[PDB]
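J.: Chain residues, written in single-letter form:
There are 2 protein chains.
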Amino acid sequence: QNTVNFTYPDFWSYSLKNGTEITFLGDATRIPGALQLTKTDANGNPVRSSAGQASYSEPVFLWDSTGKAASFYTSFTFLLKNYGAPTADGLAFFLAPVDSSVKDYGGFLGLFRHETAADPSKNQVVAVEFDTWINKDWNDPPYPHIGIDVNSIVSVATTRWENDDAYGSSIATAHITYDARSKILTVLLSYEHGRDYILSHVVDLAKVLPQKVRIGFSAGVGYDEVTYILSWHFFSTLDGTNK
Amino acid sequence: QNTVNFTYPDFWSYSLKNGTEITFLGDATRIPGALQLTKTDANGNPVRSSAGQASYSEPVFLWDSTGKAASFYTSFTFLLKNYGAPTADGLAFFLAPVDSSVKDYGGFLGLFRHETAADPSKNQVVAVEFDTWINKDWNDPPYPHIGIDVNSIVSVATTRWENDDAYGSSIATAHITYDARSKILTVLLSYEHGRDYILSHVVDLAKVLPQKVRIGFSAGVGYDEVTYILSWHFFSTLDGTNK
Ligand SMILES: *[C@@H]1O[C@H](CO)[C@@H](O[C@@H]2O[C@H](CO)[C@@H](O)[C@H](O)[C@H]2NC(C)=O)[C@H](O[C@@H]2O[C@@H](C)[C@@H](O)[C@@H](O)[C@@H]2O)[C@H]1NC(C)=O
Ligand SMILES: *[C@@H]1O[C@H](CO)[C@@H](O[C@@H]2O[C@H](CO)[C@@H](O)[C@H](O)[C@H]2NC(C)=O)[C@H](O[C@@H]2O[C@@H](C)[C@@H](O)[C@@H](O)[C@@H]2O)[C@H]1NC(C)=O
Ligand SMILES: [Ca+2]
Ligand SMILES: [Ca+2]
Ligand SMILES: [Mn+2]
Ligand SMILES: [Mn+2]
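If you're matching them up, the sequences are chains A and B in order. Quick note: the first sequence uses my numbering, first residue -13, plus one each step. Quick note: the second sequence uses my numbering, first residue -13, plus one each step.
Okay, chain A solo, but in the shape it has when bound:
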């Protein structure tokens, strides 16, 4: 079939072989209960200048020449543990070509290399970033933000992420949806007894990504932080695109 549907309610079954279900790249490791994205020393304390990626092993069908295009929805809970405020650099949910890998650390979030990050013609990646650091270089807005990145680290759209959420170290739940008929990407971020964050933008994936992609989480530090992914669900559907 052309669609995907998986659900990991938690990651307490930390025993599967790298590359069978989830592939860990760079400094991303599987620990009991979580996908850890960047490096920590013996005490779980975050190491500076590190990048890692945890991505689903099977290729994910996005679109085909015949007009079939997948709509999708992914939800995940994560803990961006902070060791002070502010911290750097954040994490990202992404869709990239199957052959790609982790790139630069820090503000590039393991997704871009320094020399081509602001060039949309040299990159093929769509990402939803949870950026804890204002890099003026890449035109980050003057606060922690959530952003939608299309082929570049300069977001096509961002919304404010409050300091206390961004550096508060609480578990957060994210829902990211893509409607393939209207070409809309929506991000919803919720904190249990807190506020929600909404960011939606029109982006046609068929025009920016190959027909089949790898999906996953990418992180880049920075300092005083480490992101843990606690659960992951993904569902894609061809509904409404003639199949």
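Some clues are possibly wrong.
Claimed, not checked - Pairs of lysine to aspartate or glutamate residues, derived as EDC-like cross-links and limited to a Cα-Cα distance of at most 20 Å, are as follows: (1) B:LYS169 - A:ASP190; (2) A:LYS229 - A:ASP210; (3) B:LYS169 - B:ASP190; (4) B:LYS229 - A:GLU101; (5) A:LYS169 - B:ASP190; (6) B:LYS229 - A:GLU148; (7) A:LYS193 - A:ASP85; (8) A:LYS67 - A:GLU148; (9) B:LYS169 - B:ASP50; (10) A:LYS229 - A:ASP50; (11) A:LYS229 - B:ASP150; (12) B:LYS229 - B:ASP50; (13) A:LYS198 - A:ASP85; (14) A:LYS229 - A:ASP190; (15) A:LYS108 - A:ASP27; (16) A:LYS122 - A:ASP85; (17) A:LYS3 - A:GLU44; (18) A:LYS229 - B:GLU148.
Unchecked claim - Interface residues of chain B toward chain A, partial, derived using beta-carbon atoms under 10 Å: (19) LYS67; (20) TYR69; (21) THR144; (22) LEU174; (23) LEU185.
Stated by the list, open to error - Rough simulated footprint, nothing fancy, chain A against chain B, three-plus residues with beta-carbon under 8 Å: (24) 45 to 51; (25) 158 to 166; (26) 221 to 227.
FYI, nobody ran anything at the bench for these hints, they're computed from the structure. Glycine residues also receive a C-beta, built at the ideal position from the N, C-alpha and C atoms.
Got chain A; can you put chain B with the ligands on it based on the hints?
T.: This is chain B with the ligands only, laid out in the frame that chain A set:
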């Protein structure tokens, strides 16, 4: 303040006075544990030709002349109990003027009157419908569907809702988000060990609705069905619209 934030995890505190927190119109009633939208006989069994609305009592600020516009997110779980398959007519989450009320039953979902339902100039309502009945009259697609209605019962966009979900009588969770900067409305519907449904569409609320609205649930039957709302959360934010 101009924003709203409430959370009802369940409705087991069925004792609040009508109109203080939630207002019940028509045949919608408050029962232990749920907001019941249409009528049932002594045994909880659904009565035909009924309409009811359960809406939040305070007015909800949407936009103002000065450009401030509210982004929002609402989540709710509901049980559309079915007494066979197919059943009629569904339910809807809506945003309408503060002075409005419940309208016709059946395929109008308590939201429109028969004579002006297909006329966008005579209505001011934005609704997300979960339609269990194909009314060829109103150009419903040939299946249960989820639809986005703007000033008319003829949806500006729909996506397929599978028969087994539509008439399966399981609790479903819906997330509806509106981003006021990009004018995008997204609907996410999830079933626990099932599939998800994604429908997003560009709709500028400031151009179709008054500055302050009432929000709620509306239902219209039909036959062999009754909708129960089990929980409700709403959050609105002025973020990114200069306030
Ligand atoms: C998990 O499996 C991956 C293969 O699907 C490993 O990545 C590959 O590692 C090779 C070195 O062991 C490297 O030459 C390959 O290019 C790389 N594959 C990709 C797509 O980059 C992965 O190894 C980790 O990731 C690479 C990129 C390095 O940073 C290694 O240090 C990492 O170990 C495997 N994970 C492991 C061993 O944890
Ligand atoms: C809950 O409070 C409402 C007032 O905020 C009631 O609605 C009002 O009911 C009047 C008749 O009792 C009617 O003249 C008003 O127009 C109506 N308000 C609106 C906005 O329509 C409501 O009454 C229910 O809803 C109305 C529309 C009728 O269908 C009544 O039969 C219902 O009782 C109150 N709910 C109750 C008493 O359950
Ligand atoms: Ca940054
Ligand atoms: Ca209908
Ligand atoms: Mn950024
Ligand atoms: Mn319909």
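J.: Hints first: check each against the structure and report whether it holds.
T.: Here is what the structure says about each hint:
{"no.": "1", "hint": "B:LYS169 - A:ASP190", "result": "holds, 17 Å"}
{"no.": "2", "hint": "A:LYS229 - A:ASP210", "result": "violated, 47 Å"}
{"no.": "3", "hint": "B:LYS169 - B:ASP190", "result": "holds, 5 Å"}
{"no.": "4", "hint": "B:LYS229 - A:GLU101", "result": "violated, 36 Å"}
{"no.": "5", "hint": "A:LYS169 - B:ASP190", "result": "holds, 17 Å"}
{"no.": "6", "hint": "B:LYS229 - A:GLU148", "result": "holds, 14 Å"}
{"no.": "7", "hint": "A:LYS193 - A:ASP85", "result": "holds, 18 Å"}
{"no.": "8", "hint": "A:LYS67 - A:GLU148", "result": "holds, 15 Å"}
{"no.": "9", "hint": "B:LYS169 - B:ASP50", "result": "holds, 15 Å"}
{"no.": "10", "hint": "A:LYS229 - A:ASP50", "result": "holds, 11 Å"}
{"no.": "11", "hint": "A:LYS229 - B:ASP150", "result": "holds, 19 Å"}
{"no.": "12", "hint": "B:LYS229 - B:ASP50", "result": "holds, 11 Å"}
{"no.": "13", "hint": "A:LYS198 - A:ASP85", "result": "holds, 10 Å"}
{"no.": "14", "hint": "A:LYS229 - A:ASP190", "result": "holds, 18 Å"}
{"no.": "15", "hint": "A:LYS108 - A:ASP27", "result": "violated, 34 Å"}
{"no.": "16", "hint": "A:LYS122 - A:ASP85", "result": "violated, 31 Å"}
{"no.": "17", "hint": "A:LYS3 - A:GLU44", "result": "holds, 14 Å"}
{"no.": "18", "hint": "A:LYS229 - B:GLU148", "result": "holds, 14 Å"}
{"no.": "19", "hint": "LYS67", "result": "violated, 25 Å"}
{"no.": "20", "hint": "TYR69", "result": "violated, 27 Å"}
{"no.": "21", "hint": "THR144", "result": "holds, 8 Å"}
{"no.": "22", "hint": "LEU174", "result": "holds, 6 Å"}
{"no.": "23", "hint": "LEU185", "result": "holds, 6 Å"}
{"no.": "24", "hint": "45 to 51", "result": "violated (count 0)"}
{"no.": "25", "hint": "158 to 166", "result": "holds (count 4)"}
{"no.": "26", "hint": "221 to 227", "result": "holds (count 4)"}
Hints 2, 4, 15, 16, 19, 20 and 24 from the earlier list are contradicted by this structure; the remaining hints agree with it.
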